[PDB]
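Visitor: Please model the complete structure; the sequences and the hints are all you need to start from.
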Amino acid sequence: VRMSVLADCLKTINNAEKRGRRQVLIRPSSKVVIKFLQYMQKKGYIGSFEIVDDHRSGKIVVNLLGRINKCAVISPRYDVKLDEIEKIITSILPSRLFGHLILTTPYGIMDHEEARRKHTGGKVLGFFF
Amino acid sequence: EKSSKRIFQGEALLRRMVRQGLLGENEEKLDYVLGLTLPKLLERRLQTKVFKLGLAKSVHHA
Amino acid sequence: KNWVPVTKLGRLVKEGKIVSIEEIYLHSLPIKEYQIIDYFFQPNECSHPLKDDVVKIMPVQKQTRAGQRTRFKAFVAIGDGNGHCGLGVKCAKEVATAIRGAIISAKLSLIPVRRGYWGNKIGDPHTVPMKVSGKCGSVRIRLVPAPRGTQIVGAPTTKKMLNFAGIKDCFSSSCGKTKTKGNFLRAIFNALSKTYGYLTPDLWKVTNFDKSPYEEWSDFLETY
Amino acid sequence: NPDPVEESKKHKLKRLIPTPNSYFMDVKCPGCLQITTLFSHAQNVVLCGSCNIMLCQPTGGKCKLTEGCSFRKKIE
Amino acid sequence: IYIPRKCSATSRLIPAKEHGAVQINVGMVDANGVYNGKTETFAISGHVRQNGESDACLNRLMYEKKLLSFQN
Amino acid sequence: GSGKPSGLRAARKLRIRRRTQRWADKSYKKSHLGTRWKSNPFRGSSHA
Amino acid sequence: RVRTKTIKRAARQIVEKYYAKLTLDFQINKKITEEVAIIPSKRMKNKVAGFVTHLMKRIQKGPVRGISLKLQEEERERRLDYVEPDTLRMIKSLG
Amino acid sequence: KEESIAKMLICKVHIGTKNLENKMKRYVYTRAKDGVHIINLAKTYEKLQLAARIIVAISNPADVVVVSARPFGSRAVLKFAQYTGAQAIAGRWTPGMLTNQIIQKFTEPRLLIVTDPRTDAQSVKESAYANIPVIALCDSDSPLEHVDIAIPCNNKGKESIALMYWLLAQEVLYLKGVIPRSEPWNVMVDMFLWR
RNA sequence: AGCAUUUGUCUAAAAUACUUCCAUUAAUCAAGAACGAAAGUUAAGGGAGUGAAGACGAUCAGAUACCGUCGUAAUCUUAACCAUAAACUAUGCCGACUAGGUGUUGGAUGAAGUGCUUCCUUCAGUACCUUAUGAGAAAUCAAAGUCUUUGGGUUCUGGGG
RNA sequence: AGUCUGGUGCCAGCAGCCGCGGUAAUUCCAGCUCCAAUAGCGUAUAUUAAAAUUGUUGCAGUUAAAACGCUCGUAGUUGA
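Chains as they are written, first to last, in the authors' numbering: chain K, 2 to 130; chain E, 64 to 125; chain G, 39 to 262; chain 4, 7 to 82; chain Z, 11 to 82; chain Q, 2 to 49; chain W, 3 to 83, 97 to 110; chain C, 10 to 204.
Since the hints were made in silico from the structure, they are not lab data. Only true hints are included.
Simulated restraints, written as ranges between beta carbons of each label pair:
1) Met96 (chain G) - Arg19 (chain Q): 36 to 44 angstroms
2) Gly235 (chain G) - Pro107 (chain K): 36 to 44 angstroms
3) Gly2 (chain Q) - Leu101 (chain E): 49 to 57 angstroms
4) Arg69 (chain E) - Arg19 (chain Q): 35 to 43 angstroms
5) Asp9 (chain K) - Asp248 (chain G): 36 to 44 angstroms
6) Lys173 (chain G) - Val11 (chain 4): 37 to 45 angstroms
7) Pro6 (chain Q) - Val81 (chain E): 48 to 56 angstroms
Cβ coordinates follow ideal geometry from the N, Cα and C atoms, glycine included.
Guide: Spelled out as C-alpha cells, the structure:
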C-alpha cells in the first residue's frame, strides 16, 4: 500500500525531470501535495500546475521547467529543533547557499530560511535543488 | 546576521585580531579572519619585528 | 610550436580567428589536435603555465608462450593552476615514450572546472561550488564545499589533482578501494568534470547563442 | 501532454477521469410494444411486462438481448 | 568563468565535452520565398538525440517559434 | 525498499538488532568476552 | 603462386600514369615498364609487366576497381540518358 | 505548390513498409488492411521545405555531405551532388572516417544528409561523435537515434528515392538564386533514377 | 512442496465483467501454527518391473569400482511418523514510478471472413528480443533500475580463512 | 634518507607487513655518510580515530559472507 502520499509524488516528479518529460501527472492528490507544489512554485523551482478534480482525491498535472536536479522526501517525519537546523542543512543540501530544505511548523510549511527568520522548529518534510 | 551572541562574540574576536595586528583597518569582516594565514601570523613574532626594525643583522642574530 | 594543421578547428586556432579556449568549450567541439591546447596556454607571453606531473607508472604484462611482454601504463596529471585540469593515460612499450604519449593525452582531455565560494562575493572563487560526486569502478569520490578557513582536506592524490585544477580549498570523502590508483584518478577527474554541468541559480536565466566558429569563420575556411 | 487529451476514450476503465462504459437503455419488445427501462450489462434474467417472456439473456459481457427489440440510449 | 549553453528543447545545461549536442540554424525567407540572410537557431542536447526523441521535441520547438505549421 | 526499519517509534528494533549483531565482529568478541581473563597468560597485564 | 602487394601496387601505378601507351601485348607492355619503372631486376620487371598486361586484358568487362579513366566518363554519359482506396481517402482528407 | 505533392503522390512514396514503430506513429496516416503503412505526405512536404531551409542556411555548401550505400540510391545522390554545392559520398562507408583525424580520406563536414538510418547506421553514429545533427530520410523501419529533422519517406523504392531527392533539390534551388518559384525546374525526375 | 487416462460426485481458485454492498476493515510480521520432494522409520496389506545390501563372471599391477548376470530391503495402497533438499528466478514481501518491440494463455470491448469465425482495442497472467547520457566488480539485470543527488513501509540474515 | 665501503654466506640473523640472507646483502653484522623528531625519543599492552569493517545519519544479502522450504498469524513496527 502507498503510505505517505508526498514521497510518491516527489519520486514521480523527479523521474520525469531526470528523464526530460516536460509535463507529468501525479496520481493521488492531497492537501499536503498542494502545499508542497505551491511552496516550490513560490520560490520558482517549478511552474504552473493544474489540480483536476474527481470525487476520490483529485490528480495534479504539473508543468516542469527543466530545472529540478533532485527533489525527495525525508521519511520518517523526524522532529528537529530550531537550533539543529544548520546541522541538517549542512548534511543534506548540495550547498549552503542554494536549494531548499522544507519543514512543517506550527506556523505552516516553509523552508529553513523562513523558519530561521520566524522561530519554531518542526518536523522535516523534504527537500529540493 | 543580527544574532546577539554572534555580533558580540564576532566583534570581540575581531577586535582581539586588531590588537594582535593580524587584520588591517579596512578589513573588519569575518571572512578576513578566515583569510588569516600562517606567514601573516609569524610576521607578528618579536624576533621578526626586531629583525625588521634593525638592531640585529640576522634573524638568528635577533 | 608552429605545425601544419590537420583539421579546420586547428587551422583556425593557428591563424588566430579563435580568441581563446573558452570559445571551443562553449560549442563543445572535439579538440583533436594537441597543438590547439598548446597554443592557448604556451608558457611564455600568456597568463599561467600548464604544469605536468607523472602521478603513477605501473607495469603490465600480457603473458605469452615465449614470456612476459612487459608494457608500461602511465597515469599523468596536467593542470593550469587556474581552472583547467586534464587526466591522461597512455600504455606503451617503453617508458619515455609512454610518458610522452600520456602528456599528449592529458592535454587532449583538458576540461574547465566551475569554481565558486562558500559564503560571499568578497572573495574570488576558492572551492567547488556545490557537492559533486564522481564514481569509477569501486571508488567513489565526493568533493564538498568548505570555507576558505581550510586547505584541501583529502588524499595526497586528490590534493594534487584538485590543486592542479586551481581549486584552493575543499572537503573530500571517498568510499571503496582508493588503493586502485588509476580508478581513483579517473573518478576524481569525472567529479571535477561534472562541476560545470550542474545548473545552479547563477545559470537559471535564458541567454542568446554565439555563432559556431564553423559558421563565424566559414569564409576563412572556404578560401583554402 | 496528458492534461486534456481527447482521444483517450479508447483506454481501459481507469483513465484520466473515471467514466462508466455502461449505460441504461430504453427498450421495447417486438409485437408487445410496451416501454421498458433496462441496463446494458444486466446480470439476471429480464422479462417483458404483460406476459413474462424473456427479453435479455444475461451473460458476463455487455449482455446479448434477444434477436428482436429496439434500443434507445436512456441517458438524459 | 564562462557561460555554457542551455538547451532550447530541454532547458538544460550542455556539458563541456559532450559532442552529441548541436546548433541547428534554420533560415528565414524573404517575402517571395527565397533565402534571407537571417537565422532562427536552436540548440539541441545530446540527451534527446541519444534517446531519439529529437524530431518530436524539435517539432514542438518549431511550433513555439512559429515555423513548422502542424505541431504534433 | 530499504530492509532496515525506519519508523518514528522503531527505535526498539534498531537497538535490539544492533546489540545482537555487535557479537559478530572478531575484535569486539576479544574485548568483551570472559575468555580473555582466562586464556591470556599475563591475565591482560602488559608485562610479566 | 600469385602476386604480392609490391607487385600489384606497382601494377596499379603503371596504367595510372601511362594507360594510353599501354596495350594488349605483353612484349610492348614490358617495353613500357622498362622505360617507365625503376625496378632493378629482370624477373621483377617481367612480373610487373605480366600483371599490368593481365589488368589491361581484364578491362573491357566493366570497372577494375581502381584507376581514374576517360572511358568511364564517356560511359557515364551513355548511362545518364484510380488509386488504392484508403490512399484516396487520405488525399481527400488532406485537400 | 500542389504540383510537388501531386508529382510525389503519383510515385509510390506514400506506401511505407510494415512494422509501424512507435516514434513514426505520428507520421503514419493509417495501416492499410494489406499490411503496409500509408504515409501522410503533407507533413513530408512541409518537413522537406524545413530541411531545404537548413541545407540552404549553410554558407559553405561544400561542407554538406550526402551519404548512401545502396546502388539504386547512389545515382540519386550523385546527381544531387552535381546540382547543389553538396558533396556526396556513395558506396561503402569508411568506418573510421569522421572520428579519425589522421586518415587520408577524412572530411570534417558541417552537415549530413542520410538516405536510410538503418542502412547507413555506422555513419549516423559517427556523425554524433563530432556534433553533426543529421537530417534523415526516415521510414517505417527506421530508428531515430541521433537524427534531428526526420523526413517521412519510403526509402526502399528506387522511384521513391529519386522523387524525394528531386523535390529536395528543387526546393534548395528555389531558395537559392537559381530559379523563380513560378517555373518548373529543367532537370527530369527520370535523370536521378537508376539504370 | 507439487500436479498429466475416462466419467461421476464432493470441493476449492483466479481473472474478467459489474452506475452490487460494506467503508479502512489494511501492509509486513518475532511468538506460535498449518502444509512440507526424495530417502529413512513403525505398522498392516501388497510385491510386477526397478533394485543400496549381497553374490558371483569379468576389466585392471590391484577393483571391495566403472561393465555384465542374478538378487533381498526400499519402491505401491492404507495408517502413522520424520521436517530436511543446489526445497533455485541461488533474486524476501507489499507499494508507486520508469521504454520500446516480438509473442503467448485467460477474459471483455469494438470492426472485418463464412449466428459463428477472425482481426482491433484493453485488462490480468506470462515469457522472449532490442535498448539503456539507468545500474552493476563484471558476468549480466526492465529489475540487480528511479543511489554519496544516500530516508515509500516492513520481516529475516551476514561481518577474513 | 645509501644499486656507499668492509665482514658473514640460508648460517648468524633481520623482518609490525610485503619480504630480505644460498659469494657484488640498496634489509644482517659493522664502519662511513645521510634522515626524522629532539630534551626528549623508542618498546609493550590497553583504548579512540582511520572503520560508511556495526552502517540512525550510513553498509552488504543474483553470483564474493548473507533471503527463513513455503504460507497463515499474535505481539511489534507501519498505515489512503
